[PDB]
Amino acid sequence: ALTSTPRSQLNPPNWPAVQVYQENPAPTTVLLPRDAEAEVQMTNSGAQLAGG
Amino acid sequence: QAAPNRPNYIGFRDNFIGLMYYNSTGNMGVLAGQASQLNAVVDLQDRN
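If you're matching them up, the sequences are chains O and E in order. Position 17 of the first sequence, counting from 1, maps to 76 under PDB author numbering, and the rest follow consecutively. Position 31 of the second sequence, counting from 1, maps to 324 under PDB author numbering, and the rest follow consecutively.
These are calculated hints, taken from the structure and not from any lab test. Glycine is no exception: its CB is placed at the ideal position from the N, C-alpha and C atoms. Heads up, a few of these hints could be off.
[Stated by the list, open to error] Cβ pair distances, simulated, as ranges: (1) E/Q327 / O/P75: 12 to 22 Å; (2) E/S317 / O/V89: 36 to 46 Å; (3) O/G111 / E/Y302: 21 to 31 Å; (4) O/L90 / E/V335: 45 to 55 Å; (5) O/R93 / E/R340: 22 to 32 Å; (6) E/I310 / O/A95: 32 to 42 Å.
With the hints as extra help, turn the sequences into a complete structure.
Now the structure itself:
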């Protein structure tokens, strides 16, 4: 009574979506290195880039 | 008659210029961080 989910068909063949443990981690914060909205202007000025 | 052979000094080049080659792109060296592997050295073909 404390633990099991109250259901009619014990041993069901197809479990529902909500009664199964899901996996919801944190939203992956991605650090973009170099925003290219002003970086493609730097190369078109003539400076070739390197490093990084 | 015998004349001595013409003297020749097969030594290294001055300053070993020609032992190592950058500034001929393709087979040039890189200097990059380990985490990134993007070189800080790219050459131009016409740059001595």
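Q: Go ahead and decide if the range 32 to 42 Å is satisfied by the Cβ distance of E/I310 to O/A95.
A: Holds, at about 39 Å.
Q. Does the Cβ pair E/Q327, O/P75 satisfy 12 to 22 Å?
A. Because 49 Å falls outside the window, the suggested range is violated.
(Q) The hint says 45 to 55 Å between O/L90 and E/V335; measuring C-beta to C-beta, is that right? (A) violated, 25 Å
Q) Do the Cβ positions of E/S317 and O/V89 conform to the proposed distance bound of 36 to 46 Å? A) Distance hint for E/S317, O/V89 holds at roughly 38 Å.
Q) Taking the beta carbons of O/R93 and E/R340, is their distance inside 22 to 32 Å? A) Given a distance of about 25 Å, which is inside 22 to 32 Å, the answer is holds.
(Q) Please check whether O/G111 and E/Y302 have a Cβ separation lying inside 21 to 31 Å. (A) violated, 46 Å
In summary, the numbered hints that this structure violates are 1, 3 and 4.
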